[PDB]
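*Asks:* These are the residues of each chain, in order.
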Amino acid sequence: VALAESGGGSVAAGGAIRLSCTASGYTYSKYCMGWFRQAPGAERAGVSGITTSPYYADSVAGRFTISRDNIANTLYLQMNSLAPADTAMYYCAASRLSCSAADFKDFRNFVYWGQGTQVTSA
Amino acid sequence: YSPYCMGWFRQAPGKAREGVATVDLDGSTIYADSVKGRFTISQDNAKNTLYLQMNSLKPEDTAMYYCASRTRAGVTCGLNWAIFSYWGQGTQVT
Amino acid sequence: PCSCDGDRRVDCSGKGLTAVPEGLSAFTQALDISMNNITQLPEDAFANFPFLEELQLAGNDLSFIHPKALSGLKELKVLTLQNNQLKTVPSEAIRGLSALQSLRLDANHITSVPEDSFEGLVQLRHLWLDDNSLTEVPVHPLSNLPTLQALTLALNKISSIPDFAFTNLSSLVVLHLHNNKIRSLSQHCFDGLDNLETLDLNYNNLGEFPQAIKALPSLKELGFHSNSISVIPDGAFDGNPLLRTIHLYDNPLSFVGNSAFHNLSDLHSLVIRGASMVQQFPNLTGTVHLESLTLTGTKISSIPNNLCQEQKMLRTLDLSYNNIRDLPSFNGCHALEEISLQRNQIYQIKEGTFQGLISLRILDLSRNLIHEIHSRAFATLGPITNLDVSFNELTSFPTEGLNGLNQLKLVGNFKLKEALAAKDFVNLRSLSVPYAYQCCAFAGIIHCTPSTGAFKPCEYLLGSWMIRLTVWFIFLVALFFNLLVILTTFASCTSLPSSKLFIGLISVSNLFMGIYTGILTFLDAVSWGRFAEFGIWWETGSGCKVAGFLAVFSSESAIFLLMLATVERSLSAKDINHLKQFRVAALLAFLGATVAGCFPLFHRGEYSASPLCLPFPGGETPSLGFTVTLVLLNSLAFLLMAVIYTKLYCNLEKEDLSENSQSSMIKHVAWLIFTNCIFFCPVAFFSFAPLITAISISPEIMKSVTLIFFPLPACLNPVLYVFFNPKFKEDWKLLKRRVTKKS
Numbered sequence: 093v094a095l096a097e098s099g100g101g102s103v104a105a106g107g108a109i110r111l112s113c114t115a116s117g118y119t120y121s122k123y124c125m126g127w128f129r130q131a132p133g134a135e136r137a138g139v140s141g142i143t144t145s146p147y148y149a150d151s152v153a154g155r156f157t158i159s160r161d162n163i164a165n166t167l168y169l170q171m172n173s174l175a176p177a178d179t180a181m182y183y184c185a186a187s188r189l190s191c192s193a194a195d196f197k198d199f200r201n202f203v204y205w206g207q208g209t210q211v212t213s214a
Numbered sequence: 201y202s203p204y205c206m207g208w209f210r211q212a213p214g215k216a217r218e219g220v221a222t223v224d225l226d227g228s229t230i231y232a233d234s235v236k237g238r239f240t241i242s243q244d245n246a247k248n249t250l251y252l253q254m255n256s257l258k259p260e261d262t263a264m265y266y267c268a269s270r271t272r273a274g275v276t277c278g279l280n281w282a283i284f285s286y287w288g289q290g291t292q293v294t
Numbered sequence: 002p003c004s005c006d007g008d009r010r011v012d013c014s015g016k017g018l019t020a021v022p023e024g025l026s027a028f029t030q031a032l033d034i035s036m037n038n039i040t041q042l043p044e045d046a047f048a049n050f051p052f053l054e055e056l057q058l059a060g061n062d063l064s065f066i067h068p069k070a071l072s073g074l075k076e077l078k079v080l081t082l083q084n085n086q087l088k089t090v091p092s093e094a095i096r097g098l099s100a101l102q103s104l105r106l107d108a109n110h111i112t113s114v115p116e117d118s119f120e121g122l123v124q125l126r127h128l129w130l131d132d133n134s135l136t137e138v139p140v141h142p143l144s145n146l147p148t149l150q151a152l153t154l155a156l157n158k159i160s161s162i163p164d165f166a167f168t169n170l171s172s173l174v175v176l177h178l179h180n181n182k183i184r185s186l187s188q189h190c191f192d193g194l195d196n197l198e199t200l201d202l203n204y205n206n207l208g209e210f211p212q213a214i215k216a217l218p219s220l221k222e223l224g225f226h227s228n229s230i231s232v233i234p235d236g237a238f239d240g241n242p243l244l245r246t247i248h249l250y251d252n253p254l255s256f257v258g259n260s261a262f263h264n265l266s267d268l269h270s271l272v273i274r275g276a277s278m279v280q281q282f283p284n285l286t287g288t289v290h291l292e293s294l295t296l297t298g299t300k301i302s303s304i305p306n307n308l309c310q311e312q313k314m315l316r317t318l319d320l321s322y323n324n325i326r327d328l329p330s331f332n333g334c335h336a337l338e339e340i341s342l343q344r345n346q347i348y349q350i351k352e353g354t355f356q357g358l359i360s361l362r363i364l365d366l367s368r369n370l371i372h373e374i375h376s377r378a379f380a381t382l383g384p385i386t387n388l389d390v391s392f393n394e395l396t397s398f399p400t401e402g403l404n405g406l407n408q409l410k411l412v413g414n415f416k417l418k419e420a421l422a423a424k425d426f427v428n429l430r431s432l433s434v435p436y437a438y439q440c441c442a443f444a445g446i447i448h449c450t451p452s453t454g455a456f457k458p459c460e461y462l463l464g465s466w467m468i469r470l471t472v473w474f475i476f477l478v479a480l481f482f483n484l485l486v487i488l489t490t491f492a493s494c495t496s497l498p499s500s501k502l503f504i505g506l507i508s509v510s511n512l513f514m515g516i517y518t519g520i521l522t523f524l525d526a527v528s529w530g531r532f533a534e535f536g537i538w539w540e541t542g543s544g545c546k547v548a549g550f551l552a553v554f555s556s557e558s559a560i561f562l563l564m565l566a567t568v569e570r571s572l573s574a575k576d577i578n579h580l581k582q583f584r585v586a587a588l589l590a591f592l593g594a595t596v597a598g599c600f601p602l603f604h605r606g607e608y609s610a611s612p613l614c615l616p617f618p619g620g621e622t623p624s625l626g627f628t629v630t631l632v633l634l635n636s637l638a639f640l641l642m643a644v645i646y647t648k649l650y651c652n653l654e655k656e657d658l659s660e661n662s663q664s665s666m667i668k669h670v671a672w673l674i675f676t677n678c679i680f681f682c683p684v685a686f687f688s689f690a691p692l693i694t695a696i697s698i699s700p701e702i703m704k705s706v707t708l709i710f711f712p713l714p715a716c717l718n719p720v721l722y723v724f725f726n727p728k729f730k731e732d733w734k735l736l737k738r739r740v741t742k743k744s
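Top to bottom, those sequences are chains V, L and F.
One gets this note's numbering by counting positions in the first sequence from 1 and adding 92 to each.
One gets this note's numbering by counting positions in the second sequence from 1 and adding 200 to each.
One gets this note's numbering by counting positions in the third sequence from 1 and adding 1 to each.
The following block holds chain V by itself, in its conformation from the complex:
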């Protein structure tokens, strides 16, 4: 039902940042979550996701960690050693059906969307 995000901001290149999202409700499936990147003038892309072997994008491989804590129902995404090309708006997406890795490069499948945050890297 309701999704909220926290984190973001302005960081010099090579820093470390943690983004935390919380969810409330029961219709969503806790085995399909994702983080989505949007740069102005382009459609949304899927950076990382949890499926049931986490799915990681080509570019962010080796620098991005995604975790879920069902004790308090929270999703964590931690980034380190950022490049300026990472400056964009970030969204948290949750589906209603279980999903595999192949579902993550097409955003239209996901339904529950958050308000989003903004992160810039210099």
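Read the hints as simulated data drawn from the structure, not as lab findings.
Be careful, since some hints might not be right.
[To be verified] The list that follows gives simulated cross-link-like pairs (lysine to any residue, SDA-like), each with its CA atoms no further than 20 Å apart:
1) F/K221 <-> V/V203
2) F/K88 <-> L/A232
3) F/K546 <-> F/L625
4) L/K215 <-> F/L42
5) F/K182 <-> F/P163
Mind docking chains L and F on chain V? Use the hints.
*Replies:* Only chains L and F this time, still in chain V's reference frame:
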């Protein structure tokens, strides 16, 4: 008052509570893996007193015990907790 | 110890509590306990607080709960107990709470559900039971609950669903059962779920398509994949009209009904992969909301022409690995963006096929038999960015309205030899063209895959003016002095000794090598500044084959005739009757040179590696088909006569060598063989260069010395002979006498 699903349970410090052989209303006691050849269970409904006996016990598995009772009906016996309404205070045997 | 929110809310996190906290306000509304070490719940633990609404017990290891402990909490709404250590559903201590709303039991190893469980809860709406070890659905406790909305039983060990499982659940909305081990479904298993919207059955072992789904009248989203379903019978989706999403992939589907997908008024996307035997297009009547359509691996041969007259909102289209032969017009479409048609039997393109598609961006037609493309094909097609067409027999490629292109690939079209106009493709970023010389027109930031390096130049064949004049010089004098020496040795009307006829054949072979060099110089002179235009035709034509054959033939005859010359000299000294014997040996060696030269011709692509038509330089990969063999033959022969002449040195003394005219002949032969050795070392070294990974030289350099160090013998052998054998002077006087007698 109403004899139904008498049971006995053993509890070691720092772990769960498991059951030992228990008898129903009609006899035919369900018997746990470690009790055949070790313990004897009897129950008289004249006063509604149940008796247990120990034979050749080993030094370990000596912990607190409990006796459990139930007055309701409609559930099969399974030698498992969370089905007995009344519980005893228990006693330490060692 | 635990902070007070001020609004009747109490929070406890990791403060190491082994018992229920006490002393708090009796008016508190919500209580959270997480990450502590409580293992057992004593009797009447929560009798203190009578106004508790929400209850969290997360992560600690609770194992035993007294039945009377939870009594008194008549207003509790939310109860969460996950990742703890309970082994069975607590049928007791739960019947008291009449007004419970949500119950979460996750990650707890549960195997048995007591019969009387879940009794007395009249308004429970959410119940979560997953990641446990359940083995059979609790039919009676489930029937006890009449007002349940959402049900999740995932990662359990259920094997089969009995009939009439969910009769009494009238208001159930979503059902999750994935990663279980279900293999059989009864025809009446799903009866009564009239208000079910979402159904998830993933990673199960279903072996046949279920039928009970036809009882569901309002099923919105349906998902099954990774199952073992292989056949889709027709009329399957008849019962449920409204279906937004159908999930199916990784199934080994074989046959799909003609009319299976008919009359779905709200389906968004359709994907079918691996369905091999389906050979006729599905009937899509009534489906007018299809954004994406994908059919792969089938045997479809034709496409209906009303397709996107019906599909008014189609966005992408992919059809590959089929037997499509003809393309109907796509004029009706407006929202079509990406088109993929690969591994098909298309052989012609017409103007009208691609007319009217305003917003087409990506077009792919690869690995087909297309040989005719109309000029006006692509003329009024809108802004197109990426176009791929390759591995097809294509003769001419038109360019009309392609100025906006960015990615263009054409590789494998060997029949295409026409150059590419640079002015038309204004914004081209990446090229792929079958021959490297075509990219010389762009002279590139344009990226052309073919290397188009030094070995395949653009402007000058020979490169440096100094190299040009040097080859012109040895060409000429090789020719002139070879003609002079052959005239001296043969025109004389005298008896011909073996050595004299041998050096005559040496002259003939060197003359052949010289006019090979001359033909190369003529080509370079003719094609000054514009070698790119002539390169393709020159390499594809027979001229390159002729030149390479000539060069190879000239180079083997010289080597073999020299070896035969020095054994001729050796045994001539030794007998000091084999003249006719060696004459036919010379003939047999000439024949061997002929066949060795012509052997590569029957192979494919061996003589087209370089514009110089000489395979010994090779290239990126010559992969030593016969280059290693040839250099092996050359080296073994040279070491053989090296051994022969060392033996001659041992046998005959230096004073006799100085005082013997036959030994003067021997000295001349020694000079010849020594020169041949040192002048052939470099080409063998170059051929051995690619074998060693450490050594690398720039194509600039290997081209120059391959050009320079190849034909030198054809030049200095006659010069050496006339400069240092008075035998020539004697023959010159003889021919002068003959000329004076004739005149």
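*Asks:* Please go over all the hints and tell whether each is borne out by the structure.
*Replies:* Now the hints, each set against the structure:
no.	hint	verdict
1	F/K221 <-> V/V203	holds, 14 Å
2	F/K88 <-> L/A232	holds, 17 Å
3	F/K546 <-> F/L625	holds, 19 Å
4	L/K215 <-> F/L42	holds, 13 Å
5	F/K182 <-> F/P163	holds, 14 Å
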